[PDB]
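Asker: Residues per chain are reported as follows:
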Amino acid sequence: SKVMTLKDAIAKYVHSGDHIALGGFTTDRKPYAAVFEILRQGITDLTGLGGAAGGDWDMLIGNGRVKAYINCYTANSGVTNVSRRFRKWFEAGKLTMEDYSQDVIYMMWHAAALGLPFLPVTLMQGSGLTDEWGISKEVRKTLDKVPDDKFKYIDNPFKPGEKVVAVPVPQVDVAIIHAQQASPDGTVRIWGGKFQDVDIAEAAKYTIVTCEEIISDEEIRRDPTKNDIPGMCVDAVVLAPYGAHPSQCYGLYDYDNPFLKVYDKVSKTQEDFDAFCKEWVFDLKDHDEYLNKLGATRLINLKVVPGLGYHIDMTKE
Amino acid sequence: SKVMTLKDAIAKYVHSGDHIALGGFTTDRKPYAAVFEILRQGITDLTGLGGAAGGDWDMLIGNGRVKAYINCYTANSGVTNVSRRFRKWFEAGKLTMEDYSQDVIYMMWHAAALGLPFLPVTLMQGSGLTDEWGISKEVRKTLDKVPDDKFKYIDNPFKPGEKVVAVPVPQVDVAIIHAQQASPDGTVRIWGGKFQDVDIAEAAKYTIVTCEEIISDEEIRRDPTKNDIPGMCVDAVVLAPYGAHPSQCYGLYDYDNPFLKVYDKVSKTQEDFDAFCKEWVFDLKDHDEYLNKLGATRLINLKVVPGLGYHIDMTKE
Amino acid sequence: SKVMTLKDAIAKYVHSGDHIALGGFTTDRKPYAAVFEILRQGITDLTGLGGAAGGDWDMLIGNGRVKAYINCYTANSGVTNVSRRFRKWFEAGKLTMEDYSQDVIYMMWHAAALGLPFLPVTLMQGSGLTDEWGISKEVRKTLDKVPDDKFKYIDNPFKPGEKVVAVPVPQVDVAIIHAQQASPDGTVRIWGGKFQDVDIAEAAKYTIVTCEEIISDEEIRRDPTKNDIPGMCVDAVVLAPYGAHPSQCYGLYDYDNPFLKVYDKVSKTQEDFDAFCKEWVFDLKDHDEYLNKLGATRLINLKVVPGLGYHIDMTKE
Amino acid sequence: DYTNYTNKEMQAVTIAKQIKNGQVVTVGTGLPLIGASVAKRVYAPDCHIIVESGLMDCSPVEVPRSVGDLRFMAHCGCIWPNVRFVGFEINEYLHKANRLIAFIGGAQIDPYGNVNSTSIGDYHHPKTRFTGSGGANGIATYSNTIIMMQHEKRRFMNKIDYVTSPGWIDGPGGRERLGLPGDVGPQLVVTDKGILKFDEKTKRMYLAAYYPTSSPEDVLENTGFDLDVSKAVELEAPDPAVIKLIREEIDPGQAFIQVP
Amino acid sequence: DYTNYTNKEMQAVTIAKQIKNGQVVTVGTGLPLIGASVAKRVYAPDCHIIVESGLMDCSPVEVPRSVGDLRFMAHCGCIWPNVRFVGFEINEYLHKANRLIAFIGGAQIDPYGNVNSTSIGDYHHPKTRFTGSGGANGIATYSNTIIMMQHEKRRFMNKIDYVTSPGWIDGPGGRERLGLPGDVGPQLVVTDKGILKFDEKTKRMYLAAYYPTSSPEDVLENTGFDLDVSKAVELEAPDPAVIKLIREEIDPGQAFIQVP
Amino acid sequence: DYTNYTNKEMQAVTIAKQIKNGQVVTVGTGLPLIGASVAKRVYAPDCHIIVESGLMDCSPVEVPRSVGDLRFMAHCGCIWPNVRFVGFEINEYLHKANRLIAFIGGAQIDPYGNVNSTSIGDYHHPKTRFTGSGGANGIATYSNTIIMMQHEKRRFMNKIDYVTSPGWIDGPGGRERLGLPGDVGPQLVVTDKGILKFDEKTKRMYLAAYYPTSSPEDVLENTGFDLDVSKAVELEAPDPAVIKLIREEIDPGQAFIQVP
Amino acid sequence: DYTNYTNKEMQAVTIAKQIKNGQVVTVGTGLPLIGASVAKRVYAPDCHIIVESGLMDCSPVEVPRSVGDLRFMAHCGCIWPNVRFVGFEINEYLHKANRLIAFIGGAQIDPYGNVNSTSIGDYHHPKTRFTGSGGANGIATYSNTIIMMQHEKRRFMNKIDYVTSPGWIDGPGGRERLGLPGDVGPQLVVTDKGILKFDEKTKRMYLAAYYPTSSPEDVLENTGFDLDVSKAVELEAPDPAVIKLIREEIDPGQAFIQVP
Ligand SMILES: [Cu+2]
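Residue numbers (the deposited numbering), protein chains in the order written: chain A, 2 to 217, 219 to 319; chain C, 2 to 217, 219 to 319; chain C', 2 to 217, 219 to 319; chain D, 3 to 262; chain B, 3 to 262; chain D', 3 to 262; chain B', 3 to 262. A prime marks a further copy of an entry chain.
What the hints contain is simulated information worked out from the structure, not anything from laboratory work. All the pointers check out, no bait thrown in.
Derived DSS-like pairs (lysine-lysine); straight-line CA-CA distance at most 27 Å:
no. : chain 1 : residue 1 : chain 2 : residue 2
1   : A       : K68       : C       : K160
2   : C       : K138      : A       : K164
3   : A       : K68       : B       : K129
4   : C       : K295      : C       : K263
5   : C       : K160      : A       : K153
6   : C       : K68       : C       : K13
7   : B'      : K22       : C'      : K206
8   : A       : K206      : C       : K164
9   : C'      : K287      : C       : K318
10  : C'      : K287      : C       : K295
11  : A       : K267      : B       : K10
12  : C'      : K305      : C       : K295
13  : C'      : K206      : B'      : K98
14  : A       : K287      : A       : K3
15  : D       : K155      : D       : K10
16  : B       : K161      : B       : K233
17  : C       : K13       : C'      : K318
18  : D'      : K161      : D'      : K199
19  : B       : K233      : B       : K19
20  : D'      : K22       : D'      : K233
Here are some chain C' residues the structure puts well away from chain D; computed CB gaps all over 10 Å:
no. : residue
21  : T48
22  : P118
23  : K138
24  : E139
25  : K153
26  : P226
27  : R300
Note that the Cβ used here is the ideal one computed from N, Cα and C, for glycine as well.
Isolated chain A (complex conformation):
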């Protein structure tokens, strides 16, 4: 099967240099257990599109693991308005970064899953998003894994006098996503919206799926309608309960707000930040240790209430 530990999997399919893509949307279904092992493994010089990025890309950036970052939005939405390590390193001039509108980013990934030569869109024009390059042609040329051109204005072949913005389709080496159920053969079930998750698991050369639970192949096929990705597109399946913590995970648990608040203040300085990372990331041997550190009841009180879809304290109802 494709069942392997989160240490083994990350080591085998993820490498410095890689153009990665992380699933989930801000504080909803982010692959945290995994982002921990990437850091814990000294993996570095990664490039990638952020998408609706949260604490995940913040941790990588702050830990100086990003060579170039393609950006549309970065905030632990609700808790942190604008990720701190992120805006600090960019403000410091210590991070190579490009800005695209979010629409274009989700498209780029989609066009990749599709197989398009490139992506023509009638978006970003007349905006500073075309009038300004984050990564100059000069710097782009010396970078491995980054297009030489941010975009190119081209004529619309069927609408003369009209031009569109052509955008390079990204080549994703590894895709890391978190789902509720998966089989040993890689069949993946993601309840609720998928965000860019299915696109990046189709596009990426290598795909790692962290899941809350693993069910037999016979079982996951009993109702083909619930499956979102065929085994073929998946290389590593890792059992990681609450692997999205502190972010939501539809039908299972709600975001851990106290935790996200700690991180919000902690990340206001590199010192507080590094201190935080040493305790939660570097000092822990594996994900189990993370769960135990958190404690039983703490996880239980994050569970979703059927009917509501989120967590409400029913004893006060």
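Got chain A sorted already, so can you dock chains C, C', D, B, D' and B' with the ligand onto it with the hints?
Answerer: Just chains C, C', D, B, D' and B' with the ligand now, with coordinates in the frame of chain A:
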């Protein structure tokens, strides 16, 4: 609410000389009931991308309603390998038609839904699909629901030397799909594969949904993970049990082979064809007449067996 | 497997002079299809506890098939408040009958299932239920499918002075129930209330199950929490879609009022009654004829709307 | 909706006004049902309806024509086997929970509340045969009851032909003398003219009130036995809000409340 | 829930008074979400809320914190992929459905509604770095917008530091020449001191209305460029029945609306 | 089940013997389908069937008559939109996963594998009009293919009337010259007489083997062009176990394999 | 999974050789469950296992540890209430279905199969206290049984300390006079040294067969009362194909079968 009779739905939204789109894939969840009504209503000069068509498009063509057809495949796969009326009408030179691959048809509609200014693909080169146009530029300059150019060759702005095939995106007028459940406000649920149904519903200026059952706006929202199209996209819900007959409907009923065979041999000649259309379409007042004409036990015996997903006779198991 | 035709089921298991039990409660999931077959087959001298009866027992009585009836209630509640044929036939002195409360009827069957040597209850005292026997001891000594005593008074062995009413337990011959799903090996699934259906199936020497659908022994076991009777208790599974018509079937179809009204007025006289039974029972070869006679759209319009559980016309919502 | 309320409406609203918040109400269909509905929806939002089929804590949307109706079944808190309903009512008593109030009905009624629902005339060769006991026998043995009757002299007799559901028997100690639970019995009787109660000391029925439409005399002209109509007060007409309600939500189909 | 309304509530109510019935509304969280929730509930019951992460036809219970929250996800009509959302706003323009209205925010704005929410200073070496564009750019390219802004003189600049969301660019004709859809643009600016509009023929910003707690001069004094305040009218305080709603039904936890 | 195997059976078992454990097999219905089934069930239990409708990793019980057949749909590992199938096959190439093997078919075939499935004779006024491209055009552009053909001289020509699905074009460099992915193309051709391959250096077709029923000569008498039948070996007859299988499990209904 | 069979496997196989096809089998866990699982799998595929906690028609995957385990619950045909199970065994007797066979255990047994599993010594002040009866008493009152026993001389007593499960009581006629169903009783005794039976006409125990690893004298020497061993035949070692099954498919975790 948007709940209306078929006669009214069609008469209001569907017009002659309209670029239409019909959901379904060959013998699976094709909107037959709506086709019959379009016919009785004498709607003509219809131009539309066939998609992976069958009896539905055959019947429109044979009845001479299609002004321009954009083919990629047409058959009741398993019964009639080539839609007899479609082939005869084309060979005789009555059917104005174009050929793209099925890949480029489905990608065309989807690109429409997504809002791309045009579709760039690296498919169809080095083949008759690009060498020969079924509809010439001189002919196309008279067809208002067809682009002047079948396609164009353009350079990949990011890979010099390489040329890509830029296909024009369809501006669909009306989309007619058949779903298993819809609700008074438009929200639709398609169990199983949507095929191109959601793309067309999103892209079309007007979309009509015939459904096996209407449930309430509140019941359909209790688990939004079963929904496929928001109601802002649907203009008319039409209750039509077995409205996809003789094509299957996932979760409900299987295809009526006996009825498909009749159409197979009957369509071999326009004489018999017109006879068939008189008895089953023009002589019938509506969908209820059609259902009663078929028979109670008839329809019952088409039923999908839980566990298989298709019909069989358990009384022989 | 135990899958068989109705004609065969009945002929093999149901005999004249048999103590039978029919599942259902007035106008809810009554095994009508099986009643019609018993009738065509000329099965007579049937003695059985009516339970909360309606049209099914009325028709057996009116057709003069019941040798001894044990009443507690008989009507198509909502339509005919008193089963017309039942009352006429009794008043005219043709129907040999007994009266217990409904409480004591249901408790009687259940005590049978449970295997109690007799049923002790503190119900029916100080009322006509104990004061007067509808069937005398002298008459009872000739009825072989009826106990010699309607009941007895006995002391509570644990509460001196207090006397309890000891009712005799029924030794049921054949139980005929109608379920929504059964499987080739007997395993039955009754969605909603079972009423007395499981008690009779367990207690009866032979039990026959007509069902709306037959699924496989493997599919029915995938979630054993939906099952109600193990197959060791069922002797014959009979596929009979809408075999409970005109009584409702939970999850599937509602009651046919129009058909219930016809029976209401038609049963007011034996002349019309016999006419009704000739057209709908004796003139019809089988259940498929019955279904076709009713009509496709007829049955379709009985359909249960998800969310309500009963039928309504959503096209007016 | 307006000022022209029907007799049946008067009875339903009167029934609804007898229900209390928190009590378990045993019902069937018809006016009692319309009574429980109006209470549940208006007068006592948290009372719990239960029917003899085994459908506990009911809340119908459209009115059920039967007790096993999917209209009840698909709209209740729990579906129990028939027998558990018997056991429930018995246990309610044994626990001395004192909260259950059950509705019944019949063809005849005597001064002590005893009711007949089986047959009129010689039981073994009746003049009129009815359905039979049903579960009313059980309800009568163990629950405080509100009997429903049509105010007709031939119905209100001195000696009924058959006792299907036991009431106060003959008077104080009677139920006990017959073996029936003693601290439970007929509490009220609602009919098309007024509400009659039972004397605390003699258990013999007397008129406790009469509708705006009736008078103590009319009641008398229609009761086949002597009634003490000296304590009777006149009830008020139904409030439009409740009539609007009954008509436009509880029974717009006029299954039972056939509006003018 | 009385008559002591907060400035945010004044804004959230004024927002809600602009949502016509049946129109489609794109919002995030924050004040526009409150306003949408209030119109949805009272002013325009059949308007439809949609969010950039692809969550279609929303009706939250507890207010969401981010536009991808389960608070939205579990309470929507259709959960679509992000791409279909962008596909949706564009098609609306192509269909000429003319029923969509959208909310965007930002750090600076200019006479023609061009907004900046990417950075303050040089984009290459910025004084202050925000999240960036998000879906703001798609929204302002293809939708009629309502801009949420702080009324500081340093935010109302004659020329901004970066145009992440394109308004009327430079006046009449500006948008189309840059290849932007010409008949979709900034409709209204809602700040903490009132609402500003753009001339129909010159596209330049002018004061439309000021809150009770503000005045035209207050407005002028906190605007970096000249305005035509001489045409402004004073809005009316929020109907107290609404403030009760916002506090009790909409945001009891005060996630976006804090009481005094 | 026994010694009397049909030609179609010979082709199916031969097709099954070309599938490898672990590879993704693109199929449709008919012999290729019967081929994949027999492999999956016998020769290569872990190969993954995929059809052009978007049904990934299929395992049918009863044979599908179509690619969208519920017989596939209710029996697959994932239901993807049509477009994701195109994207998958393209990505498979881009990743250089090298595992995909797709089956196709047509009306005519030339020495370089190019196939026609659109029309015979003048395309604009055909002698025989067929369905058209389907997704075979896409499959031909990006996947190594096994073409199916009827061994008829009028089918095997030098110049086909229409190129629906591109093969080796004219020879080495041809695909590249035309813009088609170069490292992918016709690999084998299975017909009712034997299997023909394509020369590594010239890409021109030659007979690689022939069924026990045929001979290198028969092949020649039926090919409308010059064939190198000098390397051809004779394949063995089908094993009863596989015939029993095909007949009694894969297609007892004789949808395709119509048994004697 | 070879030829080194354990004593428990010998027993579990011998048990399984007694389950005719189609009959209903009542078992717990332990050896009888293993044996049932083995017959179910090979000797008698359509026999049906039922357990005293009301779990009907069982087919475990991983063997259960207690008769109410999810190991059974999640792998059965019908999950009934305990009461229906007792209702079932009785009705089988009433129906004369004559297809039920049951397993009981115990600490002592006597010439007529009466078994004790309640206590050793005085029941009021016992030397050793067991769990008590469980469902053993119902089973031995209404079912034909197979008794699982250790072959110790101290267990085969002429008279036991307490009869929790009634056998043939005292010989012919004994059961009926005590008011026990007369045509249902102890069929076979299976110990670790072989199988013992009860005379058809005297109901007294006699040695039927001894295992390879035992002999009639071994049997006599470990039995507290006299036996007729002169009629016993030696059973045959377990078919190795079966021992493989028990070890690999049935009980890989060695919960009841430990390998050497
Ligand atoms: Cu490395």
